[PDB]
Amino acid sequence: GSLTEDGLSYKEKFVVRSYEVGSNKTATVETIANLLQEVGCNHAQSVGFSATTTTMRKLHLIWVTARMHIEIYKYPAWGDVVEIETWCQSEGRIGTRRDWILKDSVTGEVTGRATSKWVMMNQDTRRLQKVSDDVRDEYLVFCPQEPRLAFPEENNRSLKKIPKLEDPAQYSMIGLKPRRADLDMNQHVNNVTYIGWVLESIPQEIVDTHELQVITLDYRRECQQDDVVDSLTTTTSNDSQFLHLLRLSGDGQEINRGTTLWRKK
């Protein structure tokens, strides 16, 4: 992987592995979600990070994901190479936004794209806060100054409001517990695990006859190792839409909400 000529975006090529593919011999949405987070880690390392500034570490502040939107047109096949370009942008005092562009390494065609809204949170008290000026000055030198959106569209699905699933849910997957493989290098449940848990309540028939095109996922609270999650789904609709909800089985506290769009094969 490497920074582009301007040093304002990062590119990386990944070869799809045997354990990264599903029933139709192509990369899963969780494998794609993993590749997006791996290229973000290398973009931070290349521009001089370990992605918190000296001021952020001093004040015990971290960047957390508030929304993850992923749209796929073609999933890379096992053995195929996929090139991912990522970049961050300042969204004023609200926070930052990280975008991605997935391309076929042979044809150069855009086979997918993603966007995410990141917020600033105190690592210790969990209290969110608007980006201060001194923090913004340290990041701006690594972001393009003119707007560069992966989802520019006049009426895009990345900025759509997600409602709360009303009970009873049409489908459900109960008693979901994270294992050590679901933890990251800091012993926290990986954000990609929530993607898997959301798709657990989608009926197997829908999976076997449809392909996942869009997935918007709003993050509300982190799930601890000793917590048990419930996955709820309802069909809100060749295209099929679903409303999703992840809540603690022990009290119904909401940890996640989302939508998925699927198309016929």
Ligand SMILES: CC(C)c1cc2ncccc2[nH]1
Contents of the next structure:
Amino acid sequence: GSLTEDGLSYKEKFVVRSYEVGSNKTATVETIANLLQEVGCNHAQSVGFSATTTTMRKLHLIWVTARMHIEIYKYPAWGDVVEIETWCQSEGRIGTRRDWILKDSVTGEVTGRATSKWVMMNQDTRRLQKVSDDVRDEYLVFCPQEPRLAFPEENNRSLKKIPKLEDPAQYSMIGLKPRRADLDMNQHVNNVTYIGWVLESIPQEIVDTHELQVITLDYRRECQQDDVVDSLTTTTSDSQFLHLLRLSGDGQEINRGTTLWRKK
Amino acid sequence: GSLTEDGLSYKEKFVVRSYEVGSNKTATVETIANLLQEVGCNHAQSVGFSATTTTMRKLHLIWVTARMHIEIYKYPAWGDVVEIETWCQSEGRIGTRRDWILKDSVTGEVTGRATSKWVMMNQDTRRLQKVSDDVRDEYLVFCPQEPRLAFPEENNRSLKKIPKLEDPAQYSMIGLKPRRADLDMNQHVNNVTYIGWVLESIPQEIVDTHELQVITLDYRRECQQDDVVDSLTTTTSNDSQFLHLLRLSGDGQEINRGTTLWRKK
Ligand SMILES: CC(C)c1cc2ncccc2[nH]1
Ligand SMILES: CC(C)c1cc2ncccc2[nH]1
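Starting from the form solved without this ligand above, please write out the structure of the form solved in complex with this ligand.
After this comes the whole thing, all chains and molecules, with the earlier chain placed first.
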């Protein structure tokens, strides 16, 4: 992988692996989300990151995902090469955004796009906060200053408000727990694990007859290594679903989201 | 990746990813086991597989892992490039073996080795069987005919008999269930998931103070997509050794047994 000529975005190519594909012999949406994280990390490394800046390290600040939105037109097959371009943008004092474009390396055609919103948090107190002037200055060095959006379209799916699923849910998968492979290097549950848990409550007959086209997930609270999660889904419709992940015991919400599926 | 000059082994290089590493910023043993599977698959594709031979597809036969043995001297760090060489050998009518050697791409030093035993099974009845003459002929085309062992040594750990853990276990992790990411393209639980489940019952204090040096795992029965597993571990021992057992949560049917050896950091 490498920064592009202007140094304001990063590109990397990936060959889809045997264990990364599902029943159609194409990459799962969790494989796509892991590749998005990987290219994001390689971009941060290339522009001088620790994924914190110097000021964030001095103030004990970290970024946490507030929302992830992914749209896939074609999933890459086992052995195919996918090229992913990523870039970041400051959104004033609210937070930052990381966007991605996925292309088939042979045809050059756009096969998917994604966008994520990140908010600042004090890592000790876990309290959210606005982005300071020093942090915005550090981002200006490696972000495009004119807007560059993976989802430009007015009133597009990536910015829609998601409601809270009402009990009783139509479908559920109860008692989900993370194992060590679900943790990142800092022993926190990897963001992609929550996507897997959301999808666990979709009936297998939908997965067998449809392809996932769009997923929008809001992240509200972290699942700890010793927590247990319930995944709830209700059809709202193409087939569309409303999702909710909550802690098994007290019912505390950890995520809410929506998925749109196209019949094969 | 590519077959070597003689066409009897295959090599591939991998850059260790951010999500593939644990607390020490080095690849987990599950990441190593997934890379071993990936290079094995690329080798099979390179020599004409479709992972069965022509005769196997005609008779509805498949290979299943009976044992996996991995020894790691140094885990590769995040961003490091690891080169893995793999090859297969026929073991008469018993089954086949796939071996691997892991090297640091910059130093050329061997950082790990692995060996796996595979047995033939009828895909429909799930009944094990001996390897036929036609299948052995197909393997002779792409295997070295003289022995080539990742674990040559006389009384090496890879061939040791593993006993069955006696209740009560010292440690346990109960109610483990596979999710869709744990399944392969044929909707079977990926072999590497069983390694993760074995390790779940090791106390976190051991993982925080030691590095896993050797793991030997016997596979006896498949965990179905709707099954639930219990992972049991008992210490048997600067080195710590454990005995492991995975069994179905309900009836207690054994699915795997194994041993791990850990060295203090
Ligand atoms: C699970 C992670 C991504 C996460 C925790 C959290 N807390 C507050 C707001 C957003 C948040 N996101
Ligand atoms: C690896 C799993 C699917 C497996 C099932 C099995 N059955 C008999 C002997 C070995 C076996 N291994």
